[PDB]
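There are 2 protein chains.
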Amino acid sequence: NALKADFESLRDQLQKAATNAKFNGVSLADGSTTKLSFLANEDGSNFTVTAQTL
Amino acid sequence: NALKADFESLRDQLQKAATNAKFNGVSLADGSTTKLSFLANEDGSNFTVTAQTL
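Respectively, the protein sequence lines represent chains O and L.
Quick note, the first sequence lines up with residues 110 to 163 if you use PDB author numbering.
Quick note, the second sequence lines up with residues 110 to 163 if you use PDB author numbering.
These aren't lab readings, by the way, just hints derived from the structure by calculation.
Take these hints with a grain of salt, some might be off.
[Unchecked claim] List time: in silico SDA-like cross-link candidates among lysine to any residue, alpha-carbon distance up to 20 angstroms:
1) O/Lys-125 - L/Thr-157
2) O/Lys-125 - L/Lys-131
3) O/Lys-125 - L/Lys-144
4) O/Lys-125 - L/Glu-151
5) O/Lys-131 - L/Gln-161
6) O/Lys-144 - O/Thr-162
7) O/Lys-131 - L/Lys-131
8) O/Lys-131 - L/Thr-159
9) O/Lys-125 - L/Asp-115
10) O/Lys-113 - L/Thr-159
11) O/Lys-131 - L/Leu-148
12) L/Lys-144 - O/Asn-155
13) O/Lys-125 - L/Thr-162
14) L/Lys-131 - L/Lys-144
15) O/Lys-131 - O/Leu-112
16) L/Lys-131 - L/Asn-150
17) O/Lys-131 - L/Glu-151
18) O/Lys-125 - L/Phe-156
19) O/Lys-131 - L/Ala-149
20) O/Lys-131 - L/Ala-127
21) L/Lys-113 - L/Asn-129
22) O/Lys-125 - L/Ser-154
23) L/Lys-131 - L/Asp-152
24) L/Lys-144 - L/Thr-162
25) O/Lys-144 - O/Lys-113
26) L/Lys-144 - O/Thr-159
27) O/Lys-144 - O/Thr-128
28) L/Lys-144 - O/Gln-122
29) L/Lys-125 - L/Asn-155
30) L/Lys-125 - L/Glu-151
[What the hints assert, rightly or not] Far from chain O, some chain L residues (derived; all Cβ distances over 12 angstroms):
31) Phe-116
32) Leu-145
33) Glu-151
[To be verified] The following residues of chain O were derived to be distant from chain L, with all beta-carbon distances above 10 angstroms:
34) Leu-119
35) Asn-129
36) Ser-146
37) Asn-150
38) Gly-153
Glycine residues also receive a C-beta, built at the ideal position from the N, C-alpha and C atoms.
Based on the sequences and whatever the hints tell you, model everything.
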């Protein structure tokens, strides 16, 4: 039961470290969006980046 | 009778060492309250540590 308690606390800490990491309200680790897009040209074509839901 | 009286002295020392332990007016081991909620993220969401009434 003691090791089970450390496992639950570690799972909660993992969810906290996952949800709390975001830059300017958007994140590529918590899964808030399937991907992000960043500019790559003057014409607006995007530098696509797939999200990784950690 | 001697073993009994030494046992009662030990239980009293136990209650005293339990009550004496507090940090800046708050404590967990003595069971002063069900829980204290330390910060974990800047929106105000709380890291939680339930008291263990020792």
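Against the structure, the hints:
no.: 1; hint: O/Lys-125 - L/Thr-157; result: holds, 12 angstroms
no.: 2; hint: O/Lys-125 - L/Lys-131; result: violated, 28 angstroms
no.: 3; hint: O/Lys-125 - L/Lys-144; result: holds, 19 angstroms
no.: 4; hint: O/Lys-125 - L/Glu-151; result: holds, 12 angstroms
no.: 5; hint: O/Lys-131 - L/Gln-161; result: violated, 34 angstroms
no.: 6; hint: O/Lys-144 - O/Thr-162; result: holds, 10 angstroms
no.: 7; hint: O/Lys-131 - L/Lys-131; result: violated, 36 angstroms
no.: 8; hint: O/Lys-131 - L/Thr-159; result: violated, 28 angstroms
no.: 9; hint: O/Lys-125 - L/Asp-115; result: violated, 48 angstroms
no.: 10; hint: O/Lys-113 - L/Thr-159; result: holds, 17 angstroms
no.: 11; hint: O/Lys-131 - L/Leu-148; result: holds, 17 angstroms
no.: 12; hint: L/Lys-144 - O/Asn-155; result: violated, 49 angstroms
no.: 13; hint: O/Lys-125 - L/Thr-162; result: violated, 26 angstroms
no.: 14; hint: L/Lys-131 - L/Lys-144; result: holds, 14 angstroms
no.: 15; hint: O/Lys-131 - O/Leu-112; result: violated, 31 angstroms
no.: 16; hint: L/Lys-131 - L/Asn-150; result: violated, 25 angstroms
no.: 17; hint: O/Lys-131 - L/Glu-151; result: holds, 12 angstroms
no.: 18; hint: O/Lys-125 - L/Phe-156; result: holds, 9 angstroms
no.: 19; hint: O/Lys-131 - L/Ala-149; result: holds, 14 angstroms
no.: 20; hint: O/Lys-131 - L/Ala-127; result: violated, 42 angstroms
no.: 21; hint: L/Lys-113 - L/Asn-129; result: violated, 24 angstroms
no.: 22; hint: O/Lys-125 - L/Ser-154; result: holds, 10 angstroms
no.: 23; hint: L/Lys-131 - L/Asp-152; result: violated, 28 angstroms
no.: 24; hint: L/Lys-144 - L/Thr-162; result: holds, 11 angstroms
no.: 25; hint: O/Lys-144 - O/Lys-113; result: violated, 35 angstroms
no.: 26; hint: L/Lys-144 - O/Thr-159; result: violated, 41 angstroms
no.: 27; hint: O/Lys-144 - O/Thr-128; result: holds, 16 angstroms
no.: 28; hint: L/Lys-144 - O/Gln-122; result: holds, 18 angstroms
no.: 29; hint: L/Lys-125 - L/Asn-155; result: violated, 31 angstroms
no.: 30; hint: L/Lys-125 - L/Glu-151; result: violated, 38 angstroms
no.: 31; hint: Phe-116; result: holds, 29 angstroms
no.: 32; hint: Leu-145; result: holds, 16 angstroms
no.: 33; hint: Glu-151; result: violated, 9 angstroms
no.: 34; hint: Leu-119; result: holds, 14 angstroms
no.: 35; hint: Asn-129; result: violated, 5 angstroms
no.: 36; hint: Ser-146; result: holds, 26 angstroms
no.: 37; hint: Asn-150; result: holds, 35 angstroms
no.: 38; hint: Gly-153; result: holds, 33 angstroms
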